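Participant: Spelled out from the first residue to the last, the chains are:
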Amino acid sequence: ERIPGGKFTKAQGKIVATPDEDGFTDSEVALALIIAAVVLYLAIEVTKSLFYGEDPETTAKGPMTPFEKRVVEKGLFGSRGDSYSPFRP
Amino acid sequence: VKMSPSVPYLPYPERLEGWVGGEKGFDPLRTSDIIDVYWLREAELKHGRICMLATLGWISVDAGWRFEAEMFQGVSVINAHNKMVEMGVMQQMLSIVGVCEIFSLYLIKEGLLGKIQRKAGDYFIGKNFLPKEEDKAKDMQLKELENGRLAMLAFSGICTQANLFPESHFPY
Amino acid sequence: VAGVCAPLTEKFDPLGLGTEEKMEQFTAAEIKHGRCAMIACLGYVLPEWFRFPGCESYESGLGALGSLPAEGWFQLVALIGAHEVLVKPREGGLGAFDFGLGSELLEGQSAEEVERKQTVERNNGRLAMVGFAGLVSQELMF
Amino acid sequence: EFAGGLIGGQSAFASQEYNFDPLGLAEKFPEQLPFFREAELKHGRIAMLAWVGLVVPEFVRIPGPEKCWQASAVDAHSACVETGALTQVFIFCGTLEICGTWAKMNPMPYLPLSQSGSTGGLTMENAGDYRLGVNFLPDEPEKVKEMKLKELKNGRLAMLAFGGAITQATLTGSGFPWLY
Amino acid sequence: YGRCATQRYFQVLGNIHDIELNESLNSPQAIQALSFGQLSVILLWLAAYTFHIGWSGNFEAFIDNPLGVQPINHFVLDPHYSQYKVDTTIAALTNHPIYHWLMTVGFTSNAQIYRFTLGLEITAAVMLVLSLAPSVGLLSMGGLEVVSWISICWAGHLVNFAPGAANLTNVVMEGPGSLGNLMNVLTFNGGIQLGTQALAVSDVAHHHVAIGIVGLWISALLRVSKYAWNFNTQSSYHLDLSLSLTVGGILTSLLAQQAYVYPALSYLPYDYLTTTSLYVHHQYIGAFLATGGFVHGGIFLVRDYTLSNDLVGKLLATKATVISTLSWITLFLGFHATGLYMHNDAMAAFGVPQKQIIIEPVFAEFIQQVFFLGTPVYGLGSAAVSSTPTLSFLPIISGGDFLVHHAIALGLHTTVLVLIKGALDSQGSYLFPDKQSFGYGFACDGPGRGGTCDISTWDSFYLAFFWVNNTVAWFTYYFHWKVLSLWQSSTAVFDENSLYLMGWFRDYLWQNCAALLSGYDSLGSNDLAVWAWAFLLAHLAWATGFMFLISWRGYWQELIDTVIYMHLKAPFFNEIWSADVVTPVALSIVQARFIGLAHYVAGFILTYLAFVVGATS
Amino acid sequence: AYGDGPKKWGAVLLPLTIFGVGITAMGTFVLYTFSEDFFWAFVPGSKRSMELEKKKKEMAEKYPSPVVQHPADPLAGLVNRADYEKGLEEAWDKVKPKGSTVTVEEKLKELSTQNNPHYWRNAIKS
Ligand code: CLA
Ligand code: CLA
Ligand code: CLA
Ligand SMILES: CC(=O)O[C@H]1CC(C)(C)C(=C=C/C(C)=C/C=C/C(C)=C/C=C/C=C(C)/C=C/C=C(C)/C=C/[C@@]23O[C@]2(C)C[C@@H](O)CC3(C)C)[C@](C)(O)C1
Ligand SMILES: CC(=O)O[C@H]1CC(C)(C)C(=C=C/C(C)=C/C=C/C(C)=C/C=C/C=C(C)/C=C/C=C(C)/C=C/[C@@]23O[C@]2(C)C[C@@H](O)CC3(C)C)[C@](C)(O)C1
Ligand SMILES: CC1=C(C/C=C(\C)CCC[C@H](C)CCC[C@H](C)CCCC(C)C)C(=O)c2ccccc2C1=O
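Residue numbers (the numbering used here), protein chains in the order written: chain A, 1 to 89; chain B, 1 to 172; chain C, 1 to 142; chain D, 1 to 180; chain E, 1 to 617; chain F, 1 to 126.
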């Protein structure tokens, strides 16, 4: 039970109807937590990748894909430049 | 000028060279150039294996080889998934497939990042049935890939034909 | 430094117990215990939420020792023992814990990353050992 | 020279070639000319098949759902789209077109031409060359050129023939003779 | 290790995301990876909201009676609550239109919400995976074509979940059919549809498909305009970032305006608090994005621009004219708005409210009557009445709105003046001719040449952010009081008392704080107790910002030196702490200014949020 | 009931998520302060950053890039710096003040040389 505060809550008479049951049970909450744990593992991987930066051999020892080769050659998709610009064209 | 043998008028998709099925060079809409062939081959093998199993599953359960337990008897292949999803059976199969696919996620991530050096589709189950001869090993891999492709198309067929004509069985 | 990660800085031997020679065998014992404890914690958690059709009668936890006809318990023990006696360490393994399973993932992995995987395994096994100890003692006593 | 040395400008009479381009599109767009020949040959082939498929059903028709097959040419298309025949024909033609032309033309078929540009896969030499039935070509360049010219002339004739046939059939109806 | 000072923290943390200075991940692939990680964080935040709405929330009870139920955000489990407060509180209520958005986009169950949370977590995992592998290939992803395709797909979703989709005959299978068949899911009725009191879902879906198609066409046109006249002469991450930030700020401010006046979420206007919070929040976000556009323009000038005879060179050459004219505009607007407000204050105070200077906003009234209104409300410009009018929530302006809009113009022009002045003087002033060699942010140039406090280009943003917050406060006070008068049906208390600023105090701030302050007192505490507590907390943060802004370093450095002396002379601790490890030093001047600004704006935002909640509850 | 659910999950996680997670974050950040790689990318001359720069140089000199890159030394862009200077020399001799004794190579050496020992990359004995 709540003590209403604010003129509009009293005037409009909106009631905070609590659902009878919970809504997510416990099994589906566990599944959400598992998926969040996988996302956390991926986030740890991303953090380790970004903190130590990109190693110099990759992008230098790994040959560019033919798509990347042709894009850099023709200057597309932000290449032939020094910007990111996700909203390029 | 390699002129991929499958589509003669198209240039060979260069990154397919050296892979098991690359001698036919069938990648029009060349996607090996945009996507790493490691990921493409892992996806192809996963689809092929899932379909090689799902084909046999659909055939066996449509013929009438239901499991021992009740809640498995009298359930057709079509209205099977919606049934075992409320019987609690699809949840545990999803759990097992989930741990297998977390293994798969680790393998794909580490392989693409270059940390591990496994081959695409190699989950280290086997390696004592591989023919141990490099030509024969590549032949076995090609057999797996061709059977997986045939099974992908076959399961697509079987499923669509069954669901379009519910009153039928495997010959369709 | 296989087990030493970061909460420590050195070997945790208050009662000096490794002192060479024993250290390798104790490492095998600890790694096996950690693996068993990790899978045992997973076991405690999951049967409470799904039950493997055919097993939806037995009680979980230590009560499963009472339930699950002793023939079935002996079959589980037979599988475990068949593995334990019939697997053996591989060959050029890092120790008696190297039973070859997944060792392909260590091929050309650098010393730091191989040791990091080792330490992750061992620390997770230690946490799972204390976790199972808590689970079993809590289920039994209270 | 005229139209980058493409085949098709030859006249029937003699070495006095036709070279029909009153609006001069070949000179104005020489780098877009392989695309022009691709479009011309594609339209010609489609029109050959289309005129043949306007003539043949007046003689023999496949058994089918009786709404698309047992219909005249002009009113066939709508009923065939409804019956699900032309949707499968579209699936087939779309797969063929995407793979073949969209990969021979776009070096990045996974990207629209607004993003890939290029379009250098269509050269002047391999304009209509989809490598289909090339063993039937005569083994000398002169007769290869003559056969390509035959294909182009028949394709243009089929374009005009299909246009006239469909227009007359809409105006009148009838069968193979689309006269009143 | 760690033989640095505490200054190291605030020195690196101020540039911790200045990846251009981070030589490791300096490539644009790394910046795209940062974008992927940020989008993963956004997806997880939306997953948070959806998960707590579906877990402990009344969405299933909300779809049934959207007018009579208050949306629940999450369950409150604070251990500090007293049993009564525990019995008092049900759960944390909702201050955002996520219930309305979910209802609009077709959610009808908590199972759908749970699947949405799972999908959001999976998409965040996908974003993290994409960030794991930066690559020129991934730089292909994006573009106006991609965002237009996203708009088209959203149109498809809205078509699939439009209320009339049940009556829709399958177009792709049975043909387009009659026009009404398409009207089941694609409409252009225009304006509020009555009932839900929001734009029809068919209208939104049709809007999105049209916008996506037009965006595809516009992107193709822009790229052919790049075919001929291909000139990427000035590429900089800060130039493109400024472009994106300015466009995003314009779009967000437009979103606030057109979402108040054309709500797209069903049963949203019935919820006053969520509407007010939406408008205020989006206007603050838009102003912040515009300020960021100006800031990154200044940064591009500082360290990425090379002088040429181009657009920017022309702007720089006549920067004195720009600054002088902006100063004149601001002086005129401030003088006249303040003087008219003071004149109205004097007239109302002296019991002569008729003698106030009320300049009727005849130009905006002319625009409204001629272009927007369908009935003669003012009668100037046009008096025609529309036979079939459409509905919306466009306010009817009066005399006070003229002065308020002039205050808004003063605020915007002063903010632009500060930002433009700082950006263009980043190239140098006669007090600091060589600012091109000192970087975007620095303390000062010392006491010489008469003094050089706040002479840095970053200090220009520091000064202009107060003006950003002040301008947003001005027009959000305007919006909040206007909608409060409209909802309370006064509409004459506003139109008369907004002419003089004592009205803005008494009838707006003092009047609307009555319920908020009673959140907790000797009698007890109600649901507004949390907001009174946050009100006080925000005031405390604001005054701490005052501390960091007024008092400067040297004093505090000497005080900290004496405190270090006390520690080194203290017993039982000189054996342990020699001040060599992370030496405690006073915050640098730039760090102090930023932290004071941060406390100032944090108190600003939290104070106004608490006030809005306590006033529109 | 409605309360159950978030009550038990909260009693488990909220102590964890706030106390354990925040305290661990604070302690690990204090450790990171005393770590060798503390803000390594933003501390000039840090060991990790210098090793990364050295390895970048090694990769650049071992795997030449077909595309032209922004020259770290602006004069290193020249395809033939010899021709650059030879031209300068010719132009300077054309516009030399009378028989000046100043030559182009000496001027280039004088302009290129600089005595800034306090600039880093020079305080690291480099
Ligand atoms: C099966 C149990 C077991 C075994 C055999 C080992 C074995 C080992 N651990 Mg280890 N460890 C364990 C459990 C175990 N651990 C657990 C649960 C934790 C979590 C706290 C740790 C944490 C840990 C750290 C942090 C480190 C080790 C290290 C080591 C190695 C050297 C230590 C040594 O010589 O002692 C081996 C012998 C024993 C551990 C005796 C086990 C049986 C004793 C007698 C039990 C004593 C009572 C115990 C508290 C149980 C409570 C019940 C009691 C009230 C009756 C060795 C390989 C070191 C290492 O890796 O070297 C680099 C190291 O730094 N361990
Ligand atoms: C997508 C948009 C975007 C992007 C990518 C960037 C990117 C960048 N900006 Mg930028 N900026 C933006 C928008 C953006 N900005 C906007 C909108 C503004 C205007 C507000 C600015 C204003 C701005 C300035 C003034 C500066 C930058 C700078 C930078 C660069 C370094 C960032 C850094 O390390 O800051 C460090 C980031 C922080 C210290 C974050 C502060 C943490 C906040 C304040 C926590 C407080 C919230 C707290 C939880 C509230 C508690 C409430 C209380 C009641 C409890 C980097 C390239 C800097 C630069 O390039 O200088 C060379 C610089 O000086 N930006
Ligand atoms: C109430 C507080 C207040 C006031 C009045 C001002 C006023 C002003 N600020 Mg300002 N500022 C403030 C707080 C304030 N600031 C704070 C807290 C910050 C954060 C540090 C800033 C940061 C800031 C920056 C960074 C800039 C300004 C600028 C300006 C000027 C803008 C031009 C203008 O509006 O002229 C109107 C002037 C007034 C309203 C002052 C009052 C004048 C009289 C009393 C009112 C009129 C009475 C009547 C008409 C005169 C009678 C005439 C005759 C009968 C005698 C103006 C003098 C800009 C500037 O100087 O550009 C020109 C500029 O660049 N300010
Ligand atoms: C190549 C091939 O073919 O196969 C390969 C595949 C692959 C994947 C590559 C491989 C691998 C790796 C694997 C299999 C990794 C599995 C790791 C697991 C299962 C770890 C579990 C930890 C559980 C913990 C810490 C529990 C902790 C529990 C705690 C802290 C519980 C604590 C409390 O319970 C206690 C104590 C009291 C309770 O009341 C309260 C709570 C909190 C629940 C292999 C081995 O290479 C084999
Ligand atoms: C490996 C492999 O597989 O080999 C393959 C390779 C490859 C290349 C695909 C092959 C081929 C070639 C093919 C398939 C060639 C087919 C060519 C066709 C069908 C040409 C039709 C022309 C119709 C015309 C001009 C209609 C003309 C109609 C006219 C002028 C009609 C004109 C009027 O109708 C109009 C306009 C009005 C009417 O009222 C009156 C009339 C006058 C009748 C191979 C060798 O085969 C097999
Ligand atoms: C109060 C004040 C200080 C003193 C404030 C300081 C030194 C910062 C206060 C630190 C707070 C109290 C946290 C102290 C450390 C905490 C234990 C958190 C540590 C976090 C790190 C581990 C990252 C200044 O240095 C200063 C400098 C320039 C102008 C004005 C002022 C000013 O007003």
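Just so you know, the hints here were simulated from the structure itself, not pulled from any lab data. Keep in mind that the hints are not guaranteed to be accurate.
[Stated by the list, open to error] Examples of chain D residues lying across from chain A (beta carbon under 10 Å, computed):
1) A14
2) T101
3) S116
[Unchecked claim] Listed below are the simulated DMTMM-like cross-link pairs for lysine to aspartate or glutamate, each with C-alpha atoms no more than 25 Å apart in a straight line:
4) F/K56 to A/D26
5) B/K46 to C/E112
6) A/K61 to C/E112
7) F/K55 to A/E54
8) B/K127 to C/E48
9) B/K119 to B/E146
10) C/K32 to C/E84
Ideal placement from N, C-alpha and C gives every residue a C-beta, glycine not left out.
Participant: Determine for every hint whether it applies to the structure shown.
Facilitator: Quick rundown of the hints versus the structure:
1. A14: Since chain A brings no Cβ nearer than about 45 Å to D/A14, farther than 10 Å, the hint is violated.
2. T101: violated (19 Å)
3. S116: Check passed: Cβ of D/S116 comes within 7 Å of chain A, closer than 10 Å.
4. F/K56 to A/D26: Violated, at about 51 Å.
5. B/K46 to C/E112: Not OK: B/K46 and C/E112 at ~32 Å, beyond 25 Å, violated.
6. A/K61 to C/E112: holds (22 Å)
7. F/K55 to A/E54: holds (12 Å)
8. B/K127 to C/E48: Roughly 36 Å between the alpha carbons, so the hint for B/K127 and C/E48 is violated.
9. B/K119 to B/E146: Since the Cα atoms of B/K119 and B/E146 sit roughly 18 Å apart, the hinted pair holds (cutoff 25 Å).
10. C/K32 to C/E84: holds (10 Å)
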